[PDB]
Amino acid sequence: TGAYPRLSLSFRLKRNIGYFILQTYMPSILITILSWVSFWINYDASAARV
Amino acid sequence: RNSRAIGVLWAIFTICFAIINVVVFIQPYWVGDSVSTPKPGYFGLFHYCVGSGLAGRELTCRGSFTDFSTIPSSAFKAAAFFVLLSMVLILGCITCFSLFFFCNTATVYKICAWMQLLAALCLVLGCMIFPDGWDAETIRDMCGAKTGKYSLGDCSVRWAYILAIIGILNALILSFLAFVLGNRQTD
Amino acid sequence: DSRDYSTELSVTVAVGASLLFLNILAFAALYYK
Amino acid sequence: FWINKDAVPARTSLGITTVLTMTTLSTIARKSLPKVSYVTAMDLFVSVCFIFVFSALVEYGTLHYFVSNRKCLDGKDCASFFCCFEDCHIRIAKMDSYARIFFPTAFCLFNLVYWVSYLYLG
Amino acid sequence: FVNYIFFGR
Ligand SMILES: *[C@@H]1O[C@H](CO)[C@@H](O[C@@H]2O[C@H](CO)[C@@H](O[C@@H]3O[C@H](CO[C@H]4O[C@H](CO[C@H]5O[C@H](CO)[C@@H](O)[C@H](O)[C@@H]5O)[C@@H](O)[C@H](O[C@H]5O[C@H](CO)[C@@H](O)[C@H](O)[C@@H]5O)[C@@H]4O)[C@@H](O)[C@H](O[C@H]4O[C@H](CO)[C@@H](O)[C@H](O)[C@@H]4O)[C@@H]3O)[C@H](O)[C@H]2NC(C)=O)[C@H](O)[C@H]1NC(C)=O
Ligand SMILES: CCCCCCCC/C=C/CCCCCCCC(=O)O[C@H](COC(=O)CCCCCCCCCCCCCCC)COP(=O)(O)OC[C@@H](O)CO
Ligand SMILES: CC(C)CCC[C@@H](C)[C@H]1CC[C@H]2[C@@H]3CC=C4C[C@@H](O)CC[C@]4(C)[C@H]3CC[C@]12C
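Protein chains in written order, with this note's numbering: chain X, 1 to 50; chain A, 51 to 237; chain F, 238 to 270; chain Y, 271 to 392; chain L, 393 to 401.
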């Protein structure tokens, strides 16, 4: 149809990484260290390690 | 006679020391402003209350150790952190008071001799780092630009800082008392 | 109240000195009897 | 702590299940808020509880490992007066004996300090 | 409790 004016108001948003540290990253990490406990348990305790 | 009373006295007074330690930790009243103040209000380790002074000197209290973003300066963060460490350690002994009934007495006396010494060291380090924080924009605004790094300026010391200083001295004396009780009572 | 903090410092110093003197008295009674 | 040392699967199940319960409780507690990027009182309480149960689990792990898979100065001496070292295995086998009173009184102290801190000065 | 007193100490 033709040429039209335009204005644009743009924002840049940076996500605050504090919620995911204390909901996703840190529980998964601590689950990983707890999973490492199986190495220290005796080998013959199959039920506990498994 | 000697042991069975001195131990109870030391335990009771250690409970009192821990009580005053937590009290000085959570009390906002640390660094006030005298009559020569740009703005009214008091200041704490992590809780600053700045009197607006519009009509009824209402204070816009803001700040909490639960969020470091609200704390003005990292020096205050370190001071609160080390006060928390000291309070954790003294609470570790008041936890360990039940452990006497199982383990050897002299060695656990020495355990809180040492861990009282670490609590005293943490409280000392926090108390000397606390003056470093008097440089943020908040302190320079409410208490005046005369305030600076290790410079009180127009600010005034409230009861909490001197309370922490006597708490440091008391922690040292308590550690020495625990040391001598552990060492001598074996003989 | 204005900006009067001297009473608080005085009473806090008094109770602190009293407690410190109590601890030093106990220590003195211990380490040399 | 009151279960026998040889009941390895039972105690392991207790510890692992408790940490899963703490994680689930943390999630369902924090889903009752907006997605704020700071800690709250409930998050702090849940964190301390998780620390307690994790301490119990690693305590049992240490017990199982060490039991199964392995065997000047006015004071006359300066080290004894201001240090300590007489072997401090000694009483590692006794760990469950006095761990039954360390953890509950630690938890009671934490609860006392926590509630006194919030309910009055806040 | 029963496991404590009748299988342990
Ligand atoms: C978020 O995302 C968005 C989207 O991706 C992103 O947006 C881009 O942001 C950049 C700026 O950072 C925009 O680019 C600028 O555009 C300016 C406008 O240029 C056009 O119009 C020119 C006409 O001049 C008149 O424009 C208006 C009236 O219409 C008014 O200001 C005056 O009357 C003025 O005279 C026109 O000349 C220009 O021409 C293009 O084509 C010619 C060739 O044909 C070429 O020679 C030009 O260089 C240009 O490509 C264009 O059509 C523009 O002025 C501005 O210029 C920058 O560079 C010059 C030097 O080259 C500097 O002098 C000037 O100060 C600027 O720095 C710049 O190009 C871009 O358009 C946005 N994206 C879109 C799709 O619109 C945001 O930035 C992102 N981030 C955040 C957080 O916001
Ligand atoms: C007796 C034992 C005592 C232990 C007691 C432990 C004490 C626990 C308090 C810690 C410090 C709290 C204050 C500082 C951290 C919290 C404040 C904070 O915001 O931190 C963010 C990242 O870190 C954070 O989220 C949090 C970092 C600290 C987390 C510490 C974890 C504690 C133990 C977890 C247990 C595991 C189970 C818990 C999960 C179920 C910063 O990022 P961000 O730029 O986006 O913000 C910018 C802003 O614009 C929005 O916040
Ligand atoms: C049982 C022992 C080991 C526990 C010792 C640590 C406890 C007492 C500590 C750990 C985290 C601490 C809390 C951390 C943050 C805040 C926010 C502040 O605005 C008031 C104090 C308060 C609410 C603290 C109270 C004491 C606290 C709960």
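Any given hint might turn out to be false.
[To be verified] Label pairs and their computed distance ranges (CB to CB): (1) A:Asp182 x F:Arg240: 23 to 29 Å; (2) F:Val248 x Y:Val318: 31 to 37 Å; (3) A:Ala195 x X:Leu30: 45 to 51 Å; (4) F:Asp238 x A:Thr110: 17 to 23 Å; (5) F:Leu246 x X:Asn16: 37 to 43 Å; (6) X:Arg6 x A:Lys89: 31 to 37 Å; (7) A:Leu168 x L:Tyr396: 49 to 55 Å; (8) X:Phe20 x Y:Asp344: 56 to 62 Å; (9) Y:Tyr335 x A:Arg234: 47 to 53 Å; (10) A:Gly194 x Y:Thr297: 43 to 49 Å; (11) F:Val248 x X:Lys14: 46 to 52 Å.
[Claimed, not checked] Just some of the chain Y residues that point at chain A, by a computed CB distance under 10 Å: (12) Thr288; (13) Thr291; (14) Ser307; (15) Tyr308; (16) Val309; (17) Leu314; (18) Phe352; (19) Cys354; (20) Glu356; (21) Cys358; (22) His359; (23) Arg361; (24) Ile371; (25) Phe373; (26) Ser387; (27) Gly392.
Read the hints as simulated data drawn from the structure, not as lab findings.
Heads up, the beta-carbon is just placed ideally off N, CA and C, and yes, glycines get one too.
Checked hints:
no. : hint                            : in the structure
1   : A:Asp182 x F:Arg240: 23 to 29 Å : 25 Å, holds
2   : F:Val248 x Y:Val318: 31 to 37 Å : 35 Å, holds
3   : A:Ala195 x X:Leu30: 45 to 51 Å  : 46 Å, holds
4   : F:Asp238 x A:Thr110: 17 to 23 Å : 19 Å, holds
5   : F:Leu246 x X:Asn16: 37 to 43 Å  : 42 Å, holds
6   : X:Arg6 x A:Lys89: 31 to 37 Å    : 47 Å, violated
7   : A:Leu168 x L:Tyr396: 49 to 55 Å : 36 Å, violated
8   : X:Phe20 x Y:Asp344: 56 to 62 Å  : 57 Å, holds
9   : Y:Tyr335 x A:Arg234: 47 to 53 Å : 37 Å, violated
10  : A:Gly194 x Y:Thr297: 43 to 49 Å : 48 Å, holds
11  : F:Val248 x X:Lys14: 46 to 52 Å  : 50 Å, holds
12  : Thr288                          : 20 Å, violated
13  : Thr291                          : 24 Å, violated
14  : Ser307                          : 9 Å, holds
15  : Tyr308                          : 4 Å, holds
16  : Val309                          : 5 Å, holds
17  : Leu314                          : 7 Å, holds
18  : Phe352                          : 7 Å, holds
19  : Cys354                          : 5 Å, holds
20  : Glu356                          : 8 Å, holds
21  : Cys358                          : 7 Å, holds
22  : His359                          : 14 Å, violated
23  : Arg361                          : 7 Å, holds
24  : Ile371                          : 5 Å, holds
25  : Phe373                          : 9 Å, holds
26  : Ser387                          : 5 Å, holds
27  : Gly392                          : 8 Å, holds
In terms of the numbered hints stated before, the structure departs from hints 6, 7, 9, 12, 13, 22, listed from lowest to highest.
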